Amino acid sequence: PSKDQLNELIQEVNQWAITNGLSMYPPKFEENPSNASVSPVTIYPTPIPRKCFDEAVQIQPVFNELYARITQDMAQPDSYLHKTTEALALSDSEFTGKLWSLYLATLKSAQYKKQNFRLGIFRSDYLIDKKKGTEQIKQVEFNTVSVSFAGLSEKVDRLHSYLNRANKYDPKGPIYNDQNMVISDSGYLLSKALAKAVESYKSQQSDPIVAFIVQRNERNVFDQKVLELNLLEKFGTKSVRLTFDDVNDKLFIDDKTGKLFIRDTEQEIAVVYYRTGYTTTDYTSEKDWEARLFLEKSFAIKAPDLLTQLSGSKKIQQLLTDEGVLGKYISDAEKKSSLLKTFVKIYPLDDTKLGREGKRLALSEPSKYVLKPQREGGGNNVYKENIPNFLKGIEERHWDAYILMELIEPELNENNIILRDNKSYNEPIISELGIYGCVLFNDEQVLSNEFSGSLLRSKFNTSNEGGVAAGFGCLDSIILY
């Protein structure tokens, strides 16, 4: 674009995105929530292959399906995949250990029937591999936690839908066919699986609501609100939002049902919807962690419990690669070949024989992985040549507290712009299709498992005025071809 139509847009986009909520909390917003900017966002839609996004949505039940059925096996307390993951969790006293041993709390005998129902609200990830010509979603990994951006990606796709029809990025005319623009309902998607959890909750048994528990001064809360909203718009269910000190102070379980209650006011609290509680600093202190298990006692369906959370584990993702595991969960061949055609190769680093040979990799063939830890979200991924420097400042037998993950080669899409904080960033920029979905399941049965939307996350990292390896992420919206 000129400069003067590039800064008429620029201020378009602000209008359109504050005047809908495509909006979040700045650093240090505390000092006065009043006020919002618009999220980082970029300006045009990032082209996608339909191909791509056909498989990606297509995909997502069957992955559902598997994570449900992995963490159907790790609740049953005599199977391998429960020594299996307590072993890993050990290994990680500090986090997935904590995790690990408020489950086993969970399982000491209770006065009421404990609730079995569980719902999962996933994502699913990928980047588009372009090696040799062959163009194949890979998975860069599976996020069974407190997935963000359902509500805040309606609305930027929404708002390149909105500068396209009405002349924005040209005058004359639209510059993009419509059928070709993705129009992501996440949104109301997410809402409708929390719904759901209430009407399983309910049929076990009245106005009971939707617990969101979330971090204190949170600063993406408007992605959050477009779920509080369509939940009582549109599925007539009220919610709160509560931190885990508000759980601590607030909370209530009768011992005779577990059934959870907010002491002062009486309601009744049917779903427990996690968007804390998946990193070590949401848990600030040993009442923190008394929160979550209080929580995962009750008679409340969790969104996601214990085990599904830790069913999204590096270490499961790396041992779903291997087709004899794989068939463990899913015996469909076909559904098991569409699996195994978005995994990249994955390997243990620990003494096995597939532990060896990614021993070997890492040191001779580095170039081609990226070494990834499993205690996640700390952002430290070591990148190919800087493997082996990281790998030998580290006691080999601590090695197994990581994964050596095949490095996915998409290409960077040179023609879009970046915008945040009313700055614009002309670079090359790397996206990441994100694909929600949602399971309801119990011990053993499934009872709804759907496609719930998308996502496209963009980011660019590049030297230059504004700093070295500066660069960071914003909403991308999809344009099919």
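Under this definition, the rigid core comprises the largest set of C-alpha atoms superposing within 1.5 Å between the forms. Residue numbers count along the first chain shown, from 1. First, how it differs from the form deposited in another entry.
- After superposition on the rigid core, displacement of the C-alpha of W399 between the two forms amounts to 2 Å or more.
- Core-aligned CA deviation for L306 between the two forms: less than 2 Å.
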Given for the second form:
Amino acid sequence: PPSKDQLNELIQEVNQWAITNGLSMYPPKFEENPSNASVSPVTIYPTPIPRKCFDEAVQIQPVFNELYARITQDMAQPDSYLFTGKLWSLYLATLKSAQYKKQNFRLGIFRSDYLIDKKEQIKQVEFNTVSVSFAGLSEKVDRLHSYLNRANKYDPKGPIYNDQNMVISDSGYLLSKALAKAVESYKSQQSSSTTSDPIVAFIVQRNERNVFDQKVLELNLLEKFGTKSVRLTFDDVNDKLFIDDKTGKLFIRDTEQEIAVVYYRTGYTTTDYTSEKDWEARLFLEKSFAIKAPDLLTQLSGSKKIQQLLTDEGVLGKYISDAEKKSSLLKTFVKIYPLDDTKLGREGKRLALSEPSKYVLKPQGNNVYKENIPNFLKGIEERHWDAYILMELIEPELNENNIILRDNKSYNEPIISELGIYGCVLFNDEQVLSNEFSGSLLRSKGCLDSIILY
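With the form deposited in one PDB entry in hand, show me what the form deposited in another entry looks like.
Nothing else is written out below except the one chain.
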């Protein structure tokens, strides 16, 4: 409930800090004047997240990184079970033999997204294996809120928050560290008796409006890890790059700059491929000796279908033996149960009648929600119950005490928040070489938000 003028002053303080710190994005049709940018949509205050849930999300990221790395490794062998059609087509095309040894190292830059269910437990709503965004702006919104607290902007008399509870993410720096690590492992594969300064190629979308989020990684790579980079669209890839047919190494025509890492910030949706040449550009990159982040299989490993398959204890067990790690993951999954007499089905029926409010009954015509479940099933013979499945419902913690700033307008409405956990993993055909937690993100609905632990 900020005073109307307390709020107005607070809003301009946000605009001034954000612009001064590049917490920005290009508005539509920025191509008409690329020297103008706007403040990114953000909340004014941090959103409360339970400390216990946050620590578990952070702690479990390495286990998810490893899981998807193992799934990717398994998929590289048609002797297992694990838009997607074209991607798969490109994959098969990379199987074609070449005269140079192919690049075995892959870089996975991921992000796990959770909802804080309070039917507190984190529930995974998504695991992203390709082109994850906002690692750069996340750091800035966190620092914006921290500053507003420490500079007495939230309250002229003093901080209204305990700095020890305000999360400040280093995702921008950590993602750049992951890219620098991939470049060094590329260089380390073969030394030179000449200077070698391979770079990171950012493959971007034409007319990218969120470039400033990406620029943070480019600048950290340079200033912190001495690594240079270039921004290329599928057009630029087709026009400016070439492959040494003897080594498969990727270079930029005329300049001779060598590309060690192909970092995708586009290519995760059917419209990212505007023409057939764009598909050929992707294939061309995947075939090169450069380390892809991510390569085709890694991207495919994140298919919603596979995510669904992994919610099955039996399937999960095939990739994770440890009982402890297995239970930590399943705990975060949205549970689904059949209503037959199989082992799981008996559990389903027991839950449907003992804790109905936690679920929704969906047909395999209408769904039946929560407290209406028992009565509904009572009117159907138990033998026909398997005509439906029981699905766990997520009831997120709504924040009613926050203000969303967008285009200089403030909105004081209820918001739901999604917790994002970045993760980075470097792996080859059979082993994981590097596995790390890479920062956090919080988005409400959309806009960037920050975390306050309680």
